[PDB]
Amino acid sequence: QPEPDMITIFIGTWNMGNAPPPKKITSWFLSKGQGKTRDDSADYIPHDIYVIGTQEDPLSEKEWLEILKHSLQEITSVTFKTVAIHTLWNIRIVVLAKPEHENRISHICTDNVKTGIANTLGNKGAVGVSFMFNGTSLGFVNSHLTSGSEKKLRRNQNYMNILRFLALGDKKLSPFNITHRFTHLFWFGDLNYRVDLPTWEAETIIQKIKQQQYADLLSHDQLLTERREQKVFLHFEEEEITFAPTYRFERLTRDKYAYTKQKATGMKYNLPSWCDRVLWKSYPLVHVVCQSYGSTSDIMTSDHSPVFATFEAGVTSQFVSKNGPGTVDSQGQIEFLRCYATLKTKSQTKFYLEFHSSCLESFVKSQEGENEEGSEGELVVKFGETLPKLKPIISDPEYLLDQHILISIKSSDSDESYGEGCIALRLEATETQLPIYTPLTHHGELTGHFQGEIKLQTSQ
């Protein structure tokens, strides 16, 4: 029985509006409705992993697990295994996998983050799950961010708190937040970004939706505009949106958007918006392809419609050689030439690098770099040819070219990371000097760049 080099992953997000679901929700798991939808010829083909995020979920974990498992069994005739379930207040994540994957999955972690303070602490935040699937790390975040059209900055703050404080994946990756810990990271939920147009344009917006003309609405979507200005979700992807706004509907139909201010809304308008979203970030040069992104048309218990997204995702096997794991393979090495970090910091400490990778027995600390002043004000930290030679556990190019090196640049004075990034070893050539590059971030904001050259030696 061969190990897979690809899997498919279903991501669902649904704000259930504190109402039980209807008796049939299979269209959600089949990616049928509006947008980029899944071919009918695939309906019986189970996804490898289903990740379900709910918000305003009124059900117990038991109640929802029974609905989800029975739904997937009806679709696929497969009885899925429960990988993980985690609930904060009414925010929930469920991970289900095909039974054949049970002994491919390990290191399962769950966590939550509560956003806000006092007033604004009590119902928003995020839940997440991570695990290893053979050689590949997978992370999943379901967030319910702050509501309201005039709170985009609060949503951006909620995002930064979640990526700082959600404790998933390998704790040995201490300088790295969740935006660097996984081969593939999926972040979804009721992110609550709105279409920023004047209230008076409500009926115009509805018109446009009825005509399936989304371009003039998407150009005012706060998540797309905030992402363009690098205010949030830096270095994440989202498929093009080709489905109608998923909020705010009258319940029990999809024929009506309920946008007008009511006591029940705190006298706020809810112009039609794409509140419910799926984004991802994968390590450089790993296969990931969105195969569906859309909303259901036939699930109408909530004022939100469910959103689905599906992905092909590259995975690797749990590699064993005669040497590593348990030793190094002297036929492998990773060298760095002419490397330098460019940092936005105004500080003057010395810096050193840490290299982290599951291709190393443990992380590697460099010597301090040499600080110079850039011609436009910047700090340039030069490592020259001084960086340590990295000794991978396995030299086989079928393993090594699939790996990645995480880099942290740390202050000698405080040992605090000023920037984190990632380099792929999926090179065009071995035993050849090749350019490398990563942006550096800290708390998910841009702090600098790392560039230089790499020389990778494999057993071939």
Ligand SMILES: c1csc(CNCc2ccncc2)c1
Contents of the next structure:
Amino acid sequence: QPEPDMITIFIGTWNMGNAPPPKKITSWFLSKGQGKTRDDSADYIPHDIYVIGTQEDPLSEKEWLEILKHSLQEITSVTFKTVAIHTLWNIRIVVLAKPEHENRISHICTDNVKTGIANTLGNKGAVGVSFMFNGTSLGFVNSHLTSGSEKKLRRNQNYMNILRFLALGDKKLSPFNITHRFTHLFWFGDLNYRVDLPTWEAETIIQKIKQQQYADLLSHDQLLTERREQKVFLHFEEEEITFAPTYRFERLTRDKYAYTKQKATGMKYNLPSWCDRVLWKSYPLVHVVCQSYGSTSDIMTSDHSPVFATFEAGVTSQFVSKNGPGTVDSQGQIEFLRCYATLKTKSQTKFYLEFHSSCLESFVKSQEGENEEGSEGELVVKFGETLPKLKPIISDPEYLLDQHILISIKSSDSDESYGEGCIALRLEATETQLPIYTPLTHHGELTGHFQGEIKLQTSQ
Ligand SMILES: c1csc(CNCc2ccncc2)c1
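Now that you have shown the form deposited without this ligand, what about the form solved in complex with this ligand?
Once more the chain from above appears, this time first in line as the rest of the complex follows.
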């Protein structure tokens, strides 16, 4: 039975509005409703992995698991296995997988982050799950960020606290946050970003939604504008939105947006908004294709509609050779030549690199680089041809060309990372000097760049 080189992943996010679900929620898992929807001819084909994020979830874990499993069994006639379930207050993530994948899934991690301080601590935050699927690491984050149209900056802060403090994936990747620990990272939830138009325009916005004319609304969506200004979700992708705003509906219909201020809303307006989102970040040159992104039309117990997204995702097998794992394969080598880091720091410490990869027995520390001043005010750290030759555990090009090298640039004085990035080994050529590049981030914000040349030797 051959190992897969692709899987499909379902991501759902639903803010349930503290109400039990209706008796049938199959449309959610079938990617049916509005937006980029799934073809009817696929309805019986199970996804490999289903990841369900809820917010304002009133059910116990047991009650929700029974509903989810019975929903999937009705659609697919497959009894899914529970990989993980994790709940923080009323924020929950469930991961289900086809039974044939049970032996392929390992290193299962869960965590949560509580956002805010005092007043703002007690209901918002994130849950996450990570695991290995054969040779591929997968991470999933369900966040419920701060509400309210005038709190985009707090949402951005919530995002940075979650990616800093959520402890998922390989704890040996110590300089790296969740935005670098996984082959594929999916981040979804009630992100709570709003359409930033005047209150007086509410009925105009409703009109536009009835005409399915979303362009002048999306141009005011805070998540798209904050992303375009590099204030949040740097280096994440989102499929184009082609479904109506998913919030705020009158319950038991989808015919009415309930936007006006009420005591129950703290006297806040809730103009129709795309609160409910799915974003992703995959390592460079790994296959990831969004095959659906939309909202259901027929699940009306909440003031939000459920959102679905589905993906093709490249995966790799758990490779064994006669040499690695448990030794190096002397027929393989990675050389980083004429590399330099450009840093936005005003610090004048010396810097060294760490190279981390599951193709190495352990991470590799470089010598210190040579600091120079850049012409427009920056620090350039030059490494020359000084960098240690990396010795991969396996030299087979079928394995090595699918790997990635994480790079951290650390201060000699403090050992703290000033920037993290990732280089694909999916090169155009072996035994050939080729340009490489990654942006460097720290706490998910841009701190610099790393560029130079690579020369990869495989067994072929
Ligand atoms: C439910 C869905 S995944 C899972 C974990 N499976 C661990 C494993 C067991 C044997 N061999 C390889 C991996 C439980």
